[PDB]
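This document opens with one chain alone, in structure tokens, the form solved without this ligand.
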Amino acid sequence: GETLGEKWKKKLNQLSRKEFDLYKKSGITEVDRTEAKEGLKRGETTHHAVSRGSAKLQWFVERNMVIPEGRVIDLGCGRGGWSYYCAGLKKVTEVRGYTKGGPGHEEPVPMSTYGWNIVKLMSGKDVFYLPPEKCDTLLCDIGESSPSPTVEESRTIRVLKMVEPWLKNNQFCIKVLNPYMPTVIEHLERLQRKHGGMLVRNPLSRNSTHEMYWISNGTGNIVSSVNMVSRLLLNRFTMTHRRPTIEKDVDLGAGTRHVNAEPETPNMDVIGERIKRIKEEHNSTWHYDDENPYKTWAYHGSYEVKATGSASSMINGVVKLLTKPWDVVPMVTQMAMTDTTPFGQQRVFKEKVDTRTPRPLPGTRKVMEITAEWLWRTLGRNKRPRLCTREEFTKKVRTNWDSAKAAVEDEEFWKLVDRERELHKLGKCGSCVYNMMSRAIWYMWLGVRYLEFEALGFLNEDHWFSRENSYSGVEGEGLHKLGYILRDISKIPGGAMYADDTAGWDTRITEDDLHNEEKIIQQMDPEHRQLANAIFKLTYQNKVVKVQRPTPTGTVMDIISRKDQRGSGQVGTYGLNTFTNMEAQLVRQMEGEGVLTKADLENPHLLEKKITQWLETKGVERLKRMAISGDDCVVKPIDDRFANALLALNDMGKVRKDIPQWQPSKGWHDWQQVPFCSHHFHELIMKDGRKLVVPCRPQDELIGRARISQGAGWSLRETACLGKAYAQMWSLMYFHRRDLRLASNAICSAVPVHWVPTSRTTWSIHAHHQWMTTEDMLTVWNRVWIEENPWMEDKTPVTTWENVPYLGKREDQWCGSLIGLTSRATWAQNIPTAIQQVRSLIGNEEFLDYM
């Protein structure tokens, strides 16, 4: 009576080493450790998982198979992957890791990831020599493989007997090295009757091991699940080899965790009615899940729902067939790797959104207060706030979602909007909810963006953050002007040009930020003020949110709430981000100039005379040293003390990304190397003698994004018109890139000339979409780059594309160009063949073939 597991073991040991290497990863899920391993190689202590074990445990935790809580004990913690992961979980209060260490054994790696202060990893600790301790969660990942099943068998029994006394009425997750040996099966069955639980297989396990995990939250037949794994693994012997499914690795954050500072206290007076209506609308599946993971967001309930998302995006075929040598390159195809599944959403939420910012110091709040009041006055020197209207909102919708064009057309939609507006006037809010992913819910949602648009839309529609009105702003300028603005800034004497990224800007917006942004209502007419005051107080400073969550029993929709942070899916996000960033960068300039000291930040009663004088005499000039677009900023300070000015910036919550909190910033003096709005900008001399300033970025980012379809049902003609749109865009904005202009030419010749580009190449505020036309590209290029280009005085047109410059050939290569490679040369010769292939797929329309 030989078991299937033993059959598998017999086949595995007979494998040559090469077939073994191919088999062990065939069709498995594998996390991408490339970034983390290089981070650890440089001694980084934040964000990185210390091993592949963090992701492995995460797979269990995601599915509520084990929910770490209270005192967590991690037997055989090794480098500490499981321990560091548990440190950030809601109900975990202490993590104790024991591991052997010494020669041939992994050692604990010290880290500063989130919750490090409740992690206690001890080496020199053989767990088979340890008396069991009281704990609320028991973890164990011990088990050393052997070519002999019976050797593994005794190792597995040893583990099980060691670990059994640690368990009683607590959570656990225990590795079972060899689960298919009859004596192990028999032992596990008796264990299951005392402590409950079930055996589960982790998809991240390699096929070279039959390992399964005894977890506490589940029931089921041990014998059955084991043989299901055995068959799965035997099947994968003969099954045609398939590459592993690559997932993104975990981000464990940074800093000390204070469990009691995490929970949210909601304003139930304000958000209560909204919950009640969601509850009424979904009463048939409404429930309260105590096992919700939310630490810093208040939880209010859930209802059941059909799942939504995809493990990776759709591919545009027309452009992928015209860019054959980019199938091979990593970062291109590793941009289609996207997860909007309920699992990926929860991962992003935990790692990025489920955080809390400490309140800024009293002196810091004073400075922000003074600066905000000054900034709003400056911004409203010429303009006044105004209400937007139904007709306005309707026009904008029509000129671009098709369900939205139907909704604004329905009078019943506007009756709902009116009803909710009357609530707002009374200080009440009934259906104002946003999401993180009947038609009554669709109407409730679109109706809410309208009421926001009505109250705060003036910031966008009336260009409050144009350069002329805000000095620092770049709204309405366009990607083809941004480079020129940075070049102009570089001419101002002083320090280097700095461009520090904030780590998750929207989550870093504080209660004090929100109350400073609110001050613009003091410039409003009374009836406008009451509507805006409703938006700020009821929906901005008290957000009610829908988010999907995977459960053992299907997907659910959680209703949660938060007082601070920025609702990212909202009208006014860009303008308010730009305003707060302007303010923040002014404050940092004050610090670098010595106007604002450490003593001032801590001083509970800061004197305002000093700040007011600096603003009234230097404020505007310092605004002109900056280019600010939402969370993205470029600052050129009067000197480089700015680099070391980190006190105010951190205390305001605007912690920089990918750099230690107190390490000085590093800038540029060549403006052409400064990153801004996902681009850098090159100065090019036309052979006509004149000069252009062009936007540029890593080419693979441009290639890969173009290879992504829109619409969950590509209809060839639709997906080709999108390919033409990227081609037109490339010829208008990235004409200087040799590979792109050649591929732009190829797409436009492989697509019918009369077909109009559809969909959107991008949703960037800086994109004016001049490329979505039937008009000749050289005539469009002339209009953009010569005619209405204010930094081009000689208005002489260009008659030939050969007077339109490329980048320097080394610079082209440096930014990702494949020019030089053999494959690129081959690809170039093969172009009219690939043209014919696309044209054959489309069919029989009018083509004009292009160089």
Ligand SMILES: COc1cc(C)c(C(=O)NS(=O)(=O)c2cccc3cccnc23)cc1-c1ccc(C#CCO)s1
Second form
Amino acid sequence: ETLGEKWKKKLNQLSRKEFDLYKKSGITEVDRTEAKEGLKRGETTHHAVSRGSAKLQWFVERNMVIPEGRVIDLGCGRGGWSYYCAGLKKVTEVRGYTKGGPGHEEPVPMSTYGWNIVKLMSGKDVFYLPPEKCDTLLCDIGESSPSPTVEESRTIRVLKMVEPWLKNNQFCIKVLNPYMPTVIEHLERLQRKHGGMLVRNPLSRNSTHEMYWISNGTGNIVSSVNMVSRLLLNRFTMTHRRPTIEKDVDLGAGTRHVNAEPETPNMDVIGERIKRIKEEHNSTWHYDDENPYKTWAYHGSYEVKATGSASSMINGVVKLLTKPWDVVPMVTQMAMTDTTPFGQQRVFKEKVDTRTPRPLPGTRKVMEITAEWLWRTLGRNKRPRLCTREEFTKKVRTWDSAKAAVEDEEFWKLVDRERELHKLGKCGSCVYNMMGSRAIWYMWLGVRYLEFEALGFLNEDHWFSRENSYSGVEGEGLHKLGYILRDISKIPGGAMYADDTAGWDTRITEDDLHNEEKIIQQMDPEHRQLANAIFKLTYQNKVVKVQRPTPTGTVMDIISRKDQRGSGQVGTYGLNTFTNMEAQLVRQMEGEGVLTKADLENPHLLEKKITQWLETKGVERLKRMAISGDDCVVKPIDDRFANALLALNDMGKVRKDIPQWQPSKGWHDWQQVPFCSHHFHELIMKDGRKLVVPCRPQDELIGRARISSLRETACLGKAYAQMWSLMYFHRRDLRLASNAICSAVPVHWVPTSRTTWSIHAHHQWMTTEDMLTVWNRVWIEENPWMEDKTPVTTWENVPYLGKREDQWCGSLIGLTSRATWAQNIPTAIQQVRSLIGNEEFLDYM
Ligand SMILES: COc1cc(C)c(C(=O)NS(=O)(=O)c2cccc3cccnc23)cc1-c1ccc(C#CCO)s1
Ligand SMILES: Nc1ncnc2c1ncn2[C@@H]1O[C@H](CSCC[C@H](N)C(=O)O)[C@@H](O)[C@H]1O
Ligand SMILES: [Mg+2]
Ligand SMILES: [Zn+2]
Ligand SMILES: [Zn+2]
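Cool, the form solved without this ligand is there; where's the form solved in complex with this ligand?
Below, the chain from earlier opens the complete complex, with every other chain and molecule after it.
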């Protein structure tokens, strides 16, 4: 009797209750919530049709099967394996066959990326089909049975059916029962002929001994099968472990043109950076022809140790003082952040490895005119300026590694050498990391300095301040954003629109880049030449480092791209604000009927009409906007803007979470308008004065504060408590939790570490000063929208949101557990105080 047979007898003896516990004990599982609701609403983009896409991805990620050419998918069902293959580098056609009909899954039609190369056929019994030529054979057929010999016949049947479909090609075949001796005998003969190996997918439930015969591998079937039997037997006795939750796959949207995908690198511009990386890592430098990059040019890899983690570190002090939130899913989903090479690669494939169609010639003309006008407007008072070593060094001080480098003369000597290459129109070492010795660290910081030197002026000199740019909100700060949205709401016209671009930085075109670059025209000759090196050699020819996991260990890939924004490069905020202002002006012109479909298609479009609209209405239309990077709030002259989608989608600025051609929905109540991850409420204090306050789902606030020595953990907790008291004092639970943290953390301990990296954060809470004096300075004294300067002497006079509004935005007020928490607060304070030690603490309400 095999171990698998012992496992089967035990599984069949389990009661219904203990079977439901065991089946998912310690397993990996994708969260199907979003996809199931999306499919229920009839959505055809992004969603995977079943858990199958995730299941196949696990194999593909690990190079166990690398689908390519003509893919055939036997028993495709709903199509999860097929729609996943459709977006892979080397796949040119996916033919899926499934039985369908009563008791069988039918193919679910979709518009995910590459749907156009997907051919799902129902009414196809694979056991009646003559084998076809194919480059990848996939098969996921096998119905379970309490009898293992019934499964044995089903498994041999599938094995005999698949075999003739194999001829030196890729495969991934389910083996329903691999533990029966005759199945092992059959697999051993199959491995001698076709190779491959048997692998267990962790996403498989414990109620099945299924394994997959994959083409890329070798190894001992008997040993691999028994290891699974042993794991599965051990899971019966093992104390119940909840499944490891992973984020489900994003299969994108739209048609795939395989010939449009590849990147053609400018080797004359990037060749030297590749040569130097190759030199520094010559001992492990290799060219991996099995790399997954479709739209990024690949140049080689080097071996590296793995960096990252599946989840975030939890803050113990704040968790202890926020007990009702242990049970809330959104709070724990915050900690769900996969930064492993597997996590990086998933994000790269779904978000970065895309190509935006060139905008039409009329769209390019409109953008060119708007850009020339906008830079002139932005440069009316200020002149561009070079930033310096002294400036960069000051900014760094206000990483310990960065402070060491800037104090080192060798770092500056390397910078000078690279600057001399930039002056000759050459780049030798300027690279950025998507996610991935001191020479490498110095080359990176030097790249960031040289970008800062040439383009730091846009941020440093406040080019996107509301005063300089009209639409900008730079230097404003969270507490001022709402007051600006309230002021914009006073402008008559349409609703306030707030459409987010799906991954903005990947939607930045070679045309956007050429328009952003136009600022060089206002620079002095020596500045012009340095900024022109950045734009041309580095921003329009990006050389990037990215980690990738392989069956033999982690590698660092060197990849390149001409278009898109370099997210790991300086000036991203300012360049995004500039292009978003321009794109929003173009969409306003279309909504006004100034810019037509005929204009967008016109190769010899006339500037006259656009120039008149900009010179006469431009600044007025800029004033109708609040633009902060990729994020915008637009209040147009009327609602035609909602239906104005031609120039927006043609520019490549496709809106997130909405079909391409569906009109936008806006708001007339400014307090419901989303902006920079927040919405803003207008409150009336006990004294009758009004306050405009920042707000967001309370679980996002708690969840974030719950992410990380003890002293550092307590100090970071205190920083979150003080930010809450200054910015989110109107949230009942946050003021109570803030008071609890400050009582539990030593009073003289000055908060350390940032609570956020937001450009809108001025960190007035990073102090030992009394929080009510800081509150008064922020909310009354320095507040330009507060006319009456009378201070507030008590927190009782610092207002809360209305009970219903506090509840709508996630408050737990009115729940029994929240009431128990409030009663149990002095106890939670004592527990943290006990752990910290015998220090000086104070009591807060
Ligand atoms: C516009 O203001 C904010 C926006 C965001 C996004 C954050 C913020 O970090 N949020 S986060 O931690 O949960 C988060 C982290 C990383 C990525 C995210 C992506 C989307 C949404 N959140 C993300 C903080 C602030 C501020 C907090 C306090 C402020 C103040 C003041 C007055 O001086 S400003
Ligand atoms: N004789 C047969 N011919 C064709 N398809 C069959 C079959 N016997 C079973 N099937 C189908 O095989 C499917 C297995 S489930 C397919 C899951 C899939 N890999 C995904 O990603 O969604 C079932 O839907 C079943 O209807
Ligand atoms: Mg927005
Ligand atoms: Zn360089
Ligand atoms: Zn709110």
